[PDB]
Structures are given as structure tokens and as C-alpha cells.
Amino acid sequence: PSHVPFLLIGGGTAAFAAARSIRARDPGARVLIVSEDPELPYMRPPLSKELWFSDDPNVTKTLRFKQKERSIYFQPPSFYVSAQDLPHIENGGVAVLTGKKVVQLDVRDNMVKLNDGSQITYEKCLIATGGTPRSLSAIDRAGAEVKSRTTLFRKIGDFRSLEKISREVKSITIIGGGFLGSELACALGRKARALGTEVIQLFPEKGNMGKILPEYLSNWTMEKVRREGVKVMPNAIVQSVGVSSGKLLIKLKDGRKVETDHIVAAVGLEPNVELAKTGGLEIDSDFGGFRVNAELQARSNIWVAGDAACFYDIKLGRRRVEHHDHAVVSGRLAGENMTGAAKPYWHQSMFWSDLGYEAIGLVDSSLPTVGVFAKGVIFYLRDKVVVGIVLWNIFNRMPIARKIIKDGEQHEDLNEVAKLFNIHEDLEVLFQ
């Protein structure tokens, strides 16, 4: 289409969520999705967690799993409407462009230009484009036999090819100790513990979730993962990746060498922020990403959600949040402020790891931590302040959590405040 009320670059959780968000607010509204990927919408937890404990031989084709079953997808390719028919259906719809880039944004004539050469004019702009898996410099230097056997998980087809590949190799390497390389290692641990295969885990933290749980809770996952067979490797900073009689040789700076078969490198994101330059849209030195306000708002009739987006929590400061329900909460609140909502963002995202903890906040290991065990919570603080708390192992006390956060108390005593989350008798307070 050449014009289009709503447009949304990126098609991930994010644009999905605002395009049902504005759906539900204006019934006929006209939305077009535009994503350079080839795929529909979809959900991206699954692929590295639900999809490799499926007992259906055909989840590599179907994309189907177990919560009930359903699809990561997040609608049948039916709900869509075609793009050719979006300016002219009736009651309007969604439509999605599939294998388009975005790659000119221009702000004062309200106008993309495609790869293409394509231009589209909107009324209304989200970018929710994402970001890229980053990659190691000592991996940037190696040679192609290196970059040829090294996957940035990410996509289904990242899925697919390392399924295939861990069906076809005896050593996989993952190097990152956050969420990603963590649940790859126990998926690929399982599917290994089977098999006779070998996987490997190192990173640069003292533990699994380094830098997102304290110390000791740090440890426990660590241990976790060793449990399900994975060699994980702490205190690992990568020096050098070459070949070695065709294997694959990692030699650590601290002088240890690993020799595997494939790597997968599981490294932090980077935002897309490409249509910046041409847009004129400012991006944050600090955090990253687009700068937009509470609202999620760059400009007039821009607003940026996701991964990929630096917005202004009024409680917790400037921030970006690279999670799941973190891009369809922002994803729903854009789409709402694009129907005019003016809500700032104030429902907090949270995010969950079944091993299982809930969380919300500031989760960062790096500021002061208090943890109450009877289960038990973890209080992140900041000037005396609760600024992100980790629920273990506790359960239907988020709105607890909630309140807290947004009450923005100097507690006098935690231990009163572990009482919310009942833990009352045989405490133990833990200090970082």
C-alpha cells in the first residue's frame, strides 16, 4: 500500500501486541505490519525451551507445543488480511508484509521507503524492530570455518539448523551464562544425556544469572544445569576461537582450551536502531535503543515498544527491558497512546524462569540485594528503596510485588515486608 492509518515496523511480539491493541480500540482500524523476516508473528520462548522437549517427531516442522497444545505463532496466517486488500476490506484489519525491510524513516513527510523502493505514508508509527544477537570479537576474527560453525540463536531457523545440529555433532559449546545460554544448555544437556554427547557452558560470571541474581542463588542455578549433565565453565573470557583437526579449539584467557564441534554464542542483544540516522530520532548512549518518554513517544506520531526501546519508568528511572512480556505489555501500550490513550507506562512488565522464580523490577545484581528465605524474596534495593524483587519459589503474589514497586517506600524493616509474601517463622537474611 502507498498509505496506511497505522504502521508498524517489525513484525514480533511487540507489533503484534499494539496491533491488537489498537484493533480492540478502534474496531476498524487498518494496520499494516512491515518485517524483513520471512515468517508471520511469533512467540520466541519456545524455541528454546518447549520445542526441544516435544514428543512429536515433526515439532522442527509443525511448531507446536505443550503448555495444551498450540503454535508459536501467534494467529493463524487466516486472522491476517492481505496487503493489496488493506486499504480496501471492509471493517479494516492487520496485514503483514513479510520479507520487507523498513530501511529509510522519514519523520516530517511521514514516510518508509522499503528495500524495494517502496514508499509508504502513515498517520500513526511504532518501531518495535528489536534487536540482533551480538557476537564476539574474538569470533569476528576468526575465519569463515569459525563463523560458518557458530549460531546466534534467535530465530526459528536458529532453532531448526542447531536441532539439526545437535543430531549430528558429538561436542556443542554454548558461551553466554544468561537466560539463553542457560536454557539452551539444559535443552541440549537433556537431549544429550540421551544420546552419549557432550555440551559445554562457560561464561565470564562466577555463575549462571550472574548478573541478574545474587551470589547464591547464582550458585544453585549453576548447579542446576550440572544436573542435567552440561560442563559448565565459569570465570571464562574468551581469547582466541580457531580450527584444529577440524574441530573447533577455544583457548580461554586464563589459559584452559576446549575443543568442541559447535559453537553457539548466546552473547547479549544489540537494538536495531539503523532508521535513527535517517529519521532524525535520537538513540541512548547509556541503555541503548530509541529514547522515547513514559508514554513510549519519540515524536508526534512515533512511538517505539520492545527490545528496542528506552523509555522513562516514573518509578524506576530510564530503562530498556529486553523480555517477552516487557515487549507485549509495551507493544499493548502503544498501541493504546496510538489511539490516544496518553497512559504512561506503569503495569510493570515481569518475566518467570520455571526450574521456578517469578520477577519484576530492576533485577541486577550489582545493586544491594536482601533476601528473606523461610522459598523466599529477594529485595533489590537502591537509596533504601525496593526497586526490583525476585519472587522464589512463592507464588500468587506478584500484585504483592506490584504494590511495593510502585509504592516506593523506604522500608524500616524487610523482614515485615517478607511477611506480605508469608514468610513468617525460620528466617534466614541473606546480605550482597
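Residue numbers count along the first chain shown, from 1. Rigid core (definition): largest C-alpha set, two forms, superposition within 1.5 Å. What changes on going to the form deposited in another entry:
- When the rigid core is held fixed, the Cα atom of residue 25 travels less than 2 angstroms between the two forms.
- Once you line up the core between the two forms, the Cα of residue 51 stays within less than 2 Å of where it was.
- Relative to the superposed rigid core, the position of the CA of residue 418 differs between the two forms by 2 Å or more.
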The other form holds:
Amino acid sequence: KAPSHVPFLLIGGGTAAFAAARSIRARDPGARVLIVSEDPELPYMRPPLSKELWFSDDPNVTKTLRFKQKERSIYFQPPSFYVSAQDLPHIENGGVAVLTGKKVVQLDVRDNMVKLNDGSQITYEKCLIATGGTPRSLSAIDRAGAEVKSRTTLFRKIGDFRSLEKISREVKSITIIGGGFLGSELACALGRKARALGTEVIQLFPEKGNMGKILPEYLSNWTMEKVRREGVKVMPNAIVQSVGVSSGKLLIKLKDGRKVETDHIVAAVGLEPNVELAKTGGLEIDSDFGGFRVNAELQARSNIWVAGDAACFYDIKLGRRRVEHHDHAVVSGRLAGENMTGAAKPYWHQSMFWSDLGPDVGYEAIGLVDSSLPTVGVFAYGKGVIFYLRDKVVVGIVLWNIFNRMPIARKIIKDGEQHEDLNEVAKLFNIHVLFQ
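For the form deposited in another entry instead of the form deposited in one PDB entry, what are the coordinates?
Left out here are the partners and the other molecules; the chain alone remains.
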């Protein structure tokens, strides 16, 4: 199936890879691009797996994988957009092929060659590593035994959505471990499903409130109350000590003495970059942020770039970073595709992210957003803007229930001005003052 040589080889078939393939085809007409994906699915976007796909009025949404934004599919393109790998060398004006169900297990940088899990070898001229990451798991779950492990979900892929959606219709109690984006969005989604069926949803995490690492405490606490009003039993300040099976149910023991009985656990406790290929490829990994260490142009070696969740890159403006946003995979993937066709451009356009936690909670963010940084919040906590500061300069912004204003927030961070009155800057977001 796979040819012996391809001009453009993209390792991994996710958001960053697809954005790169589209970018290469737009900058190099007739280009021949091969995506190698270990998943059986064609490239698709993940955000709907924790949001729109759970709020669809169509009960066949699990099969169609379409959602209302305007209806559209979770796949970036239908199969008709792609050509087969076997035909990729011969088709006139080239195309984009995806070799599904295949994993790159060896990378030879000196010879511009990869080896697949089935023994196949492919040489390339330009290569992109866009392997993303794998969900982390709790140490308490790893030591819990096979039964507990079989009743614990790591949420990332289409299969995880389908398996958890089926569970929410079969069991009475689901527990989410994790207070970040994924845990909070799944809590609101499972909470909506539970209100109609009369079932239970629990979310526990060690922080004082949802999104405690991202939002200031006062806004994290406000968010926790909104999640609770979606039908979720939220347990902050919860550290899992052990997990076992008791009378057929899962028993979660917390360090503080509390105990939670439930039927199924969803672990949403972060992501580990997929850097397996750094060993054979002799590629540098970043010990501080994780991931493949690349420069401002997302380049690792002469013919190898890295994009997406797995790329630790140099931001000429904000310093060295690694970002795990959908839009960042798109932006970095497209940038890598342009540099794979001679652009030599540095990461410059700042990617944004967003989150929706029910009807009354939606926010957008950009730049360095971290609750450890000093923050200034200007609210009208219905609507407002939170500025994240470093050396008296705005390095990140969170827009709370403010939409269609991201270009303004992007300009403020790019300009790097020293603002003496952030209340005037809040007027740019139609806000007419909390500190942390």
C-alpha cells in the first residue's frame, strides 16, 4: 500500500498534520503528501467530542458524527478529498493520502527514512512530526487492578466518546477525575445527559475549584458553581489515595478520609507528548516543557519539523513554550507546511483557545494564560476580561463571555505596551476591578 518514497511525509493524522497537508497543497500545487496515522480514522477535530456531539438533538449523532455549530461533520474532509497511498505517486497533480492503521516506529534522520510497525520503509524529502500526545493516568488507577482499569476511561478519541456515551445510558453513577478543561466540559455534558435520565455525575479534583490552574481563584470558584448547577456533584480539594471494587461498584478513597462510590471513572488528568521517535531519530526533547525541542520556525533538523501538542518551540515574543490547543495545532501545522515548502517563517500569529461549560459559561483565551501569573480582572462575573501580566506587560488575556473580539486581544499582546490603566484597555472589549 505505502509507496517507497514520498515528497512530504506527515507522521500522525490529527489536527496539526491535516493543517500542514492543506498548507503544503496550497503553497506547492501538485504536491504529493502522505499522512501516516496509527488511528483507523481519517483526520478529525476533537473539541466536539466533549461538547457539541453531546448536545445534539439527533439521537443518531454517535453514528453520523455530525453536529450543529449550521451542521457539519467532525472530519476535516470527507474521504473523497483524499487519494490512496498506492496511487499517490501516479495521480496527476498529486493529492493527499492517509495510511490508516499504521504507526511509525523508527525514524532515520541521516537517511530521511521511517520504518512502520509492519516492517515497511518509506523515504521522504520533507517530514513533519505531528504525533500529539497520550492521556496521562493516575498512579492510584495503575495499582488498582484489571477490573478497575477496565472500568476507567481515558478520553481522547472517537472511540472514547462512543464508549462513554454508551456507559452514560447503562450505569447510574459516573465520576470524573480532573478539574481542567476536559474534566469540566465532560461534567457539563454528562450532567445534561444525567438530568434527563435521573442519573449521577461526580467531578473531583485536588484544586479549590474548576480550572484552578488557568483562572484566578474568584473566577474558578464562580465556574465551579456553574458546573454544579448543570447537575454535577463537584468535590474540590480531593486527592485520590486509592481505588478499589466494593460490592460490584468502584470505591474511590480520598486522602482526607472521604469516600465516593460510583459505577465508572473518567480520568482527565492531562497529556503526555508522544516523543517515542526521538530515541531512534536522535532528536532533542525539552526537559522543562516536554516534547520535541524545535526553533521559532518549528524545525528540528534540516528536513524535519514538528507541530501541534508535541512541539516545544521558541516564541520570539513570549519565550519557549509548548501549547496544546486545537487552534495551535492548526496554526503551527500550517506554518510547518509553509516552511516545508521554503517559507522559513517564525511562529508569529498567536493561536487562541476557547471553552464552553454550559449555556452561561463560554470564554476565549490567548497568550500565556496561567493562574500563577499576576492577573487583573475587569468585569461588568457575567462578562469581563482578565489580563495576565509579566514585567508590567500583558502576556495573556481571557475573555469571559465576550466574543468576536479576539483580534483586539491579539493586538494588545503583540504590541507589548506598558499600560498604566487597564480599565481603559477593558473599554476596547465593551466593558464599562479584581486583583490576584
